[PDB]
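Left out: one protein chain. Kept in place: all the others.
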Amino acid sequence: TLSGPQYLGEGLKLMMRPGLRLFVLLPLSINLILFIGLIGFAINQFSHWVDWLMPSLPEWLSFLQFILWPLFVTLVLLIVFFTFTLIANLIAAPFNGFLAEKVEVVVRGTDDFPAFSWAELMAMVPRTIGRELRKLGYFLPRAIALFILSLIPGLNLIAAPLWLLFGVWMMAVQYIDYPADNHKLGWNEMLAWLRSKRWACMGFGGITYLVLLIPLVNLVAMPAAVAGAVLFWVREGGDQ
Amino acid sequence: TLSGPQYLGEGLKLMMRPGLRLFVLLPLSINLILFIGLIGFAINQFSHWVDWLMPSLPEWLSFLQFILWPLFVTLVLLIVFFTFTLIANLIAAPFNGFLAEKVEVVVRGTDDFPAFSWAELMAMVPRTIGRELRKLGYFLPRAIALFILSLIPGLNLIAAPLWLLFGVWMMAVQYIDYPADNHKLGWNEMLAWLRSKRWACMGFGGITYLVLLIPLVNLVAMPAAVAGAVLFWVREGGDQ
Amino acid sequence: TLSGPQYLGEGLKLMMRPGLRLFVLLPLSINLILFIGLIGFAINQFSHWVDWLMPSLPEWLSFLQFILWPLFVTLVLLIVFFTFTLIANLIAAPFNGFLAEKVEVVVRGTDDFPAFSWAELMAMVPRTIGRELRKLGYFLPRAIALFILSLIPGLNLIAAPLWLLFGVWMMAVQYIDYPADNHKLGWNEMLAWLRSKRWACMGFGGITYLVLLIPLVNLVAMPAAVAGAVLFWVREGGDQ
Amino acid sequence: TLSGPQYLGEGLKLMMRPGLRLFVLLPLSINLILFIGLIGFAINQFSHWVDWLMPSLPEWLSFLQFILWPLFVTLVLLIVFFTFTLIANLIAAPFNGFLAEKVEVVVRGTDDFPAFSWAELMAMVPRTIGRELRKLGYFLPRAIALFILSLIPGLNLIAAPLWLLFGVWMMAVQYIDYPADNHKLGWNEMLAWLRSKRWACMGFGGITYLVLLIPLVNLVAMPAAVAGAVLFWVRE
Amino acid sequence: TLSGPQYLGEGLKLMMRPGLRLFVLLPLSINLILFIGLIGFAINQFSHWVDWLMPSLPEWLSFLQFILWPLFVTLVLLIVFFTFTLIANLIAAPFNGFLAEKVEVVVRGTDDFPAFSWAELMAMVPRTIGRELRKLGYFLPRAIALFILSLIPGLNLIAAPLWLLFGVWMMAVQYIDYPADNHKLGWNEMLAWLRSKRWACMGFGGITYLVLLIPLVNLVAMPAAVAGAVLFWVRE
Partner (left out) sequence: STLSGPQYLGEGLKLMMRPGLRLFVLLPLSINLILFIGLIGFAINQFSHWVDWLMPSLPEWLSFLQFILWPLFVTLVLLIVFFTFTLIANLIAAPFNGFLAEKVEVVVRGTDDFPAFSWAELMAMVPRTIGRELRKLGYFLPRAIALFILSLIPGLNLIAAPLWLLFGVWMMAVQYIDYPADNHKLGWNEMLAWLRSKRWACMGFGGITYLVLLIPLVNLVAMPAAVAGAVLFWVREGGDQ
């Protein structure tokens, strides 16, 4: 009855109520620390990194340095961004998993005020980081496939839609995974599960993608998305 | 003999001969009268309608009115336009049906000079208005669907071609129905009928679409699209 | 002697050195709190806002509520975004201003390690906030002008360049004022004085804007722009 | 007095009152007849025209006919439009002029119910047809100029604004003329009269442009623009 | 182990070795002689073609010849180019096959080098020219179709990819045909063959497409494509 994007909205509701409300701070804080620590580092090495990527040129081709400069400078940033993002989700991987349990007990009425402890969090770290690596393995190859498909002057027009649709579906697997993996469910079994809910989890993943495009709101958005995903897992069925 | 778009042309021929020659003036004359009557009222009401759609705003945001004015003024115009066409087509519905019948008797040779009588027209009105409503009910949801699909950044590129192709298929169903409905044929039965004749009525629909973009020529073109569709019905199966 | 976009570069150096590094953490924490506070506010009021703007309609026009809904949701979003920006800048105004003085004493050689104190910061707040209000009062009119010029289908092509040319100039008056305002210097007087350094401060503002197009940069760049602007005030004319 | 375009708006008020707008239905009904005639004609001869325009080609180049077919067809269509747009406006020239007088007596209070008689219309025809022909002469060179400039890849960017600004300015000279021409004023004297105040005509013609973009509303926007122009002639 | 676009590279290698390096010169010589004569021809007759294709208009409509001018000029140019491109490749058709055979024997170790003889080339000419005429018969209708498809306002977006995919596929059928036609390969069986090998021959055809986008490098790239197509024929 709740199928579609409605879950996301409801997930936000689940985050606003006390005792789950303070867990919302986790992603931002991660990205905060990771930013502040890394930013300074990046600041010092930015100049050096481009100097490594740029080839040595003779005096006659030295003019190419003017055209090649903006490139690697862009590329470095593109790397520094992606690298950071890559780490952020990794450090955010356990917390989200830990959250997906704590949301669930509230969804079913078991304990409306779940408690945070580092013990069970550190105990979750390996399966949930490894699971973040499985997600990365499922995503990144297909991403490079669609992107190289888009670099072709003829074929990009079919790549833009495939890109979008895939990114939505990935919003389904990324977040609905957290309760599925917390129920020790196989990767294949969960992807088949989402394949059976493809319309529902495509709507959920879709509005999740959209609301996750808002830059500052990303950080309040993700916890809502996790909780909404847990709700998805409870309202669709955890039989597998 | 004629398969493909050729029917439209032949429809023109049929409308050129005496006795069917004046009905070409029915659509044009309708849109004249309709406009002449409505324009007046519209002029007075237009100003008010936008003020209604425009939100009531506080002092600091009042500058937004300067930017919201064009949008709402645009929107109302669009609505004011569609309504017009929507009403016009409705009023054009029976006259078309009455033509598709009267063209048919000429195509099959029963009466070389059919007469116009308001009696059987008014007798037609409720059913034919009902069918134009069934057509709008078929079209408007799929149209909206395509449009929402166009506002999606990734999927818009797949939205344009689908819009064209559907608008063509719709040109088949709008006009080939007039004789089919005159023959008391089920809606789904005609849609499957045309789905088996996909190519033929997709060609007829195609040229009918193109020619009916030409702005004022529409009102002379349409009766040709009717007669042409009656020909599509006569020269191809009347079987049910 | 020392000139061009290099100021920004040099300004960055001043921020990295022992004694001036932690001041960069002042705006971020603010933007954190300001975000954390406002975002929750937005979360709760969002419905009421989009419902306020939306007009009350009769039953048959109720379908319009579907087209007006995304619109207002966007509009509200934009307000929420711009309002945030507007507030953020304002709160950033004194921390910027307070910095422009503290950078200065480091540039001159009195004290290599300045200390932060809430007393004189709070003593600065009203003057500097009123200052940046003078800035918004100088900027927002010319901005609205160029924007009404760009809405005209014909003139919009000359609006894009005219936009950029002003945006670079603005970069000068925003930052270079911070030390000047600490020296009790008049608004129109500073406008006249910088009207002479137009080229230098336009290079400063040029690299300032471009370098401000990157997201990572901004959080570390505004301090670099403030320090570089202080440096610009010291090595060139402080005369009055 | 009335800043920017209010004249058009005020002009529309004038047209909506009974007595000043049955006059609107006159040229429209004619252009209807014109429309019906020209369309039927083109129906009969469209094939003759495209076969005339198409060159005779060999069997190896016969497939070229397949690319030439859409072309002349387009071309014929275009001519057919412009001819009509040209003729209709031509036929519209006197009625508008005849209206511009009949508007003025209502503006100044002379006669609240103007009388329509074919006599004084036919008497206007030569002067007002000549006058609209002068307007076509002022317009077409600068229009072709901007179109050719707009074909240029680099300079096309300067052709789009110059197009709009001209298309707006022209809306002044056509309409604000109808009263001036009724006052027996020289062409050059009127262009100096309009260039005397650029902003005013620029707003009047500006909204008149935008409002003449609305598809069926043209038919009511034009009369408004005439009377507003009459109003524009009287108040200033 | 060698599948994919690598064949292109390898074909290049085969053409670098002595005795096969003389085979590179002929397509260049064809484009050269043919080009020089046909271009001198083009300059004198151009005026007659554009004047021939352009229709007779009355003197009022005379101005239309100004818009039709850039068009027909363009059109003639396109014909001029296509005709050249049409003829050019025809004359290269047998030299290709005659080359293809001489490459195959090098792949299997049969021949270190063969002295060219006009005899066997002339013996090939009618069959292989009939073969490339059949290639034109497969190609040109799909192209005109895709072009009419690109004229459609909605479907033009689906025309852009459809072109490329076919342009690549054609580059498979064009070159991999030449060894096939050396073996009297029946038309249906080769098209099915390349349809069963879609990935390999489509990558081969792909790099062939792209490297053939390079203008003067076309001339050295085509022999590499022929050699690569023979290797594609032998190893799979």
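Each chain carries a letter (A, B, C, D and E) given by its place in the written order, and its residues are counted from 1.
By definition in this document, a contact is a pair of C-beta atoms (placed from the backbone, for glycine too) under 8 Å apart; a residue touches a chain by one contact, two chains touch by 3 or more.
Checked against the full complex, the one of C:33, C:164 or C:191 touching the unshown chain is C:164.
Which of E:39, E:61 or E:143 touches the hidden chain is settled by the complete complex: it is E:39.
Among E:18, E:58, E:137 or E:215, only E:215 touches the chain that is left out of the view.
Although one chain is not displayed, its contacts with chain C can still be listed: residues 157, 160-161, 163-165, 167. Listed for chain E, the residues touching the missing chain in the whole complex are 12, 16, 32, 35-36, 39, 43-44, 77, 81, 84, 214-217, 220. Of the residues in chain D, those that touch the hidden partner chain are 152-155, 157-158.
By definition in this document, only the chains that are shown with their structure count from here on.
Here the spacing of chain A and chain E, counted between their Cα centres, is 49 Å. Residues of chain C found to touch two or more other chains are absent.
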